[PDB]
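My request is simple: use the sequences and hints to build the entire structure.
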Amino acid sequence: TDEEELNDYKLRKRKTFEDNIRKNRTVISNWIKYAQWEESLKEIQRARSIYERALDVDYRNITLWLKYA
Amino acid sequence: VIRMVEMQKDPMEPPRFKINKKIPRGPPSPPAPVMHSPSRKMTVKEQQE
Amino acid sequence: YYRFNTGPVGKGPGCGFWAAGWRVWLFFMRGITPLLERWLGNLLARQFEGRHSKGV
Amino acid sequence: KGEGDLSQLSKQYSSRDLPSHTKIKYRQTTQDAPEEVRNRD
Amino acid sequence: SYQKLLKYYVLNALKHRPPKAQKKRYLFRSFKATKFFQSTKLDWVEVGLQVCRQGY
Amino acid sequence: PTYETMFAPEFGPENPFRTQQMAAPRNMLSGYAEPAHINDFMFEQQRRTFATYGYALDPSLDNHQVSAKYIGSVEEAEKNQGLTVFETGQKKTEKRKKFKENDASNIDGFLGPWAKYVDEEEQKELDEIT
Ligand SMILES: O=P(O)(O)O[C@H]1[C@H](OP(=O)(O)O)[C@H](OP(=O)(O)O)[C@H](OP(=O)(O)O)[C@@H](OP(=O)(O)O)[C@H]1OP(=O)(O)O
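Chains as they are written, first to last, in the numbering used here: chain A, 18 to 86; chain B, 2 to 50; chain C, 8 to 63; chain D, 1016 to 1056; chain E, 1137 to 1192; chain F, 359 to 488.
Source of the hints: derived by calculation from the structure; they are not laboratory data.
Heads up, a few of these hints could be off.
BS3-like cross-link-like pairs, simulated, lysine-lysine; straight-line CA separation at most 30 Å [what the hints assert, rightly or not]:
{"no.": "1", "chain 1": "B", "residue 1": "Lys-19", "chain 2": "D", "residue 2": "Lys-1026"}
{"no.": "2", "chain 1": "C", "residue 1": "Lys-18", "chain 2": "B", "residue 2": "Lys-19"}
{"no.": "3", "chain 1": "A", "residue 1": "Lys-27", "chain 2": "A", "residue 2": "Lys-84"}
{"no.": "4", "chain 1": "D", "residue 1": "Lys-1016", "chain 2": "B", "residue 2": "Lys-19"}
{"no.": "5", "chain 1": "A", "residue 1": "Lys-84", "chain 2": "A", "residue 2": "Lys-30"}
{"no.": "6", "chain 1": "E", "residue 1": "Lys-1151", "chain 2": "D", "residue 2": "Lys-1040"}
{"no.": "7", "chain 1": "B", "residue 1": "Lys-22", "chain 2": "A", "residue 2": "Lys-27"}
{"no.": "8", "chain 1": "A", "residue 1": "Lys-50", "chain 2": "A", "residue 2": "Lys-84"}
{"no.": "9", "chain 1": "F", "residue 1": "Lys-437", "chain 2": "F", "residue 2": "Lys-455"}
{"no.": "10", "chain 1": "D", "residue 1": "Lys-1016", "chain 2": "C", "residue 2": "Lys-61"}
{"no.": "11", "chain 1": "C", "residue 1": "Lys-61", "chain 2": "A", "residue 2": "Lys-32"}
{"no.": "12", "chain 1": "D", "residue 1": "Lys-1040", "chain 2": "E", "residue 2": "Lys-1156"}
{"no.": "13", "chain 1": "B", "residue 1": "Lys-42", "chain 2": "A", "residue 2": "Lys-84"}
{"no.": "14", "chain 1": "A", "residue 1": "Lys-40", "chain 2": "B", "residue 2": "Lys-19"}
Given below as structure tokens:
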């Protein structure tokens, strides 16, 4: 049950961090730490959409744009 | 050419479909360029003030 | 009831002049029909399509 | 084309939202109506 | 009872405002044009037992 | 307005980069639709004509600019010589005689318009399916 524990760990972390960004839609540390956690997986086609919907609530900050760039 | 009439809605009906959905707000209108004044930084001491 | 009892008629029941209470409890429903009509319409809305928690 | 809950999506015939005062009183000529505003000093 | 019906009759005669409604409707003629409502001539007790049956 | 302005064709190779469906004119993603005010009676008459015998005339304005033909099942139009459903035909063929009882006096014998007509191995497979 290695795949079960792997998907369980990833699903718990994704659910906790999606509840975190659902609770606070202002501070931008949560989206960038979640998206760099997916960047640690090194093969993603979904983290670009995360940075794309993370700049809709705040496009005036430099940190999110420079980190995604 | 075809014929288009309307079915009569009887006035003995509650609202049929559950209007209780809640989604997060989507992407808004796309951001215009921001075009402020040239941003300045004061000193090392007035920031300490 | 105190106009049946005038004369040698009797104290017991038999008071069957009913139109006066009938008119005022028609006057009740005459004004309450749109009120609890709207209330039961709101009840059918709250039951069948659900409530609105943070809408209005 | 898909408005809010106030338009069509609700049968909540709510209290305080009724056709009360369905006519607008207009300021007539003896008060400070804009026809007498456009010329007074 | 005399003086309290005098009170209620004076309170009804004092607030006798004119019926300033602009349009008029009936709500029975609008039901009858619909295919789901039909007109028939029945007995009284059938109508009463029918509406209490439907209310239950 | 001038007929020459709308009659002037478009200079080009028809642009075959698109397919036959997408290069076709439309306003809805499925066909150019527009309301009109056609009479009801002849509409429903030719509708019932095509529903019964399977032939009707062809409604359009600018397909070929000359059109007076029949559509659907072709041979049954000239077989019946173009009759309608509201017209008494030239013959009364294959007619079907019912029985009537319209005295309204007898019990369990009155059969007027509610009358039944004078005329009035698969189970093993259906058991094996279910
Ligand atoms: O007790 P009283 O003040 O003297 O009035 C009563 C009383 O009427 P009210 O209480 O409404 O004033 C009775 O009604 P109940 O409330 O006791 O049911 C009524 O009898 P009805 O129900 O037939 O109307 C009749 O009393 P009675 O049974 O003797 O007819 C009547 O007046 P009297 O007691 O003076 O007759």
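Cross-check of the supplied hints:
no.	hint	in the structure
1	B/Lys-19 - D/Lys-1026	12 Å, holds
2	C/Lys-18 - B/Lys-19	62 Å, violated
3	A/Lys-27 - A/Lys-84	23 Å, holds
4	D/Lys-1016 - B/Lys-19	18 Å, holds
5	A/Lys-84 - A/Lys-30	21 Å, holds
6	E/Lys-1151 - D/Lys-1040	23 Å, holds
7	B/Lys-22 - A/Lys-27	28 Å, holds
8	A/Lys-50 - A/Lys-84	11 Å, holds
9	F/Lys-437 - F/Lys-455	25 Å, holds
10	D/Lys-1016 - C/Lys-61	22 Å, holds
11	C/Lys-61 - A/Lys-32	24 Å, holds
12	D/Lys-1040 - E/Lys-1156	16 Å, holds
13	B/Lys-42 - A/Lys-84	23 Å, holds
14	A/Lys-40 - B/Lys-19	25 Å, holds
Checked against the numbered hints listed earlier, the structure breaks hint 2 alone; every other hint is satisfied.
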